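Read the single chain below, which is given as structure tokens and is the form deposited in one PDB entry.
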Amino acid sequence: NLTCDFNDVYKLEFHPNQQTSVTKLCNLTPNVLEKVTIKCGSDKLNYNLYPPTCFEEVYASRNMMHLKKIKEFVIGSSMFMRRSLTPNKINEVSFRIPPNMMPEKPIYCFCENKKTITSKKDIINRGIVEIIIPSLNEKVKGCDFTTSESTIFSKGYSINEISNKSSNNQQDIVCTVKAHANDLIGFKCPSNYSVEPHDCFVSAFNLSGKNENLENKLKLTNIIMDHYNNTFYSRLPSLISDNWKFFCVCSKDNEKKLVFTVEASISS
């Protein structure tokens, strides 16, 4: 599927009398906002992942050089999950592909099965996970509160704007994006801010205010609410019934409110 299982599919067991190391490849080409997953090792399979912090750390090439950090190599990446089954090692990892405006590029994470044979040597059934980051052509209709020169969103804000040194913290920052059907929307907030509501794209704020309309009016897909990265993404539906307006708030005490608001025009 969109998972590179190395235990129950793409099996990395050794065949008998093995004396050389082979390398299975699991190439995936996801679309933006989709979830990729690596299953490797278990309580009955002693496989280790490289880098053990993948996907938070990945390799930029299949040859395990130029190790890089995904927060900076693939801006926008979200929903990093890590699940363990044997103690003292984690075996199922996953994350959500972010919007990209630059050319496609791969990221790599390896998974090795190692054993010493009898001179003597050690043989490895390596499994390379090759993910291609899709390229889009228009930036996301959204707000980046972490930079005025965002590589993901259309509107951006320098920190001199979201801090209260020049303006008082009573005048908030309202970022309106207009968008239509099948459009990517989202926002990113700085690290120690909190997003209200907890499920912004499942529940937003009505323009009467303090209202979580739970979005029966606008049914959004590919909803991503990463509260660890304050990165939020979704896509408006195939058809817009009526024009709608909703908003969500990033808040931090003694700071301005950073508010993301969308007007969805009727589209088909």
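Positions refer to the first chain, counted from 1. Compared with the form deposited in another entry:
Hinge assignment between these two forms, options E215, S238, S150, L136: the residue at the boundary between rigid parts is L136. Between-form comparison between these two forms treats the chain as two rigid units and finds the smaller unit turned 24° relative to the larger, from C-alpha superpositions.
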Given for the second form:
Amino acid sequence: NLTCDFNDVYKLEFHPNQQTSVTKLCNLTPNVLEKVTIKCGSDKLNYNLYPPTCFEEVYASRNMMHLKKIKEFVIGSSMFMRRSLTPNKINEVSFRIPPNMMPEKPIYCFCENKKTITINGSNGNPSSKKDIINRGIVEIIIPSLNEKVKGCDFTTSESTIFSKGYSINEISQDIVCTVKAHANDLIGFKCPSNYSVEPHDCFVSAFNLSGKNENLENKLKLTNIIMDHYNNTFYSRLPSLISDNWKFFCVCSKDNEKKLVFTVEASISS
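Taking the form deposited in one PDB entry as the starting point, write out the structure of the form deposited in another entry.
Lone chain follows.
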């Protein structure tokens, strides 16, 4: 779930003779790699999301006041989904929480329903117009990691994200980066830009020791998968229970260069 639904759940509809603005708060506390979602407006509900490009732009402040580009404000943010429910509007948005080693920090978006009402007066208080707003606040707490992701940065030996890394002088015999992983472990790797990743859907499927592609769903169901093809960056989390010792591989390759092999040894654990 992890969803702020202002259409159906945190309803922003105005009520008969409502005269006073109302604000509702939807607080989400995702873990790393999890997906958060806002639903704001539909074919029948005329509600507007602020900033309009949320989550690509967010507000740093709960009072809706300091606009940030999330790719700069929460480094690593890169996976986004958007959906229109009515023409020329984006009403449903999602983003996946990237690994973050900086302290916890909020990000805000807002859903608004507006209307102008006439306040009928009397006895020396003339009638007036009043704009009222039902505002939904989306507060996402960006969690903090206390250890590096178990995995391989093939772009630098001074990685801030990954437990192991390789310098350009080393990647310029194949490199085989091995991680030993247990249940619920967060793993991943990053390959240089113009390298190809096999299988393309690494972590949904992978190479096995026979060198064959296998879909991992029935052997080792990695969860919360991020396949950032734009940045050649891959993350997932090991399942909550591991009943067998497994080894799987993904391979980054570029013509006339050594291959960069990522491997995981998953061990029995609960």
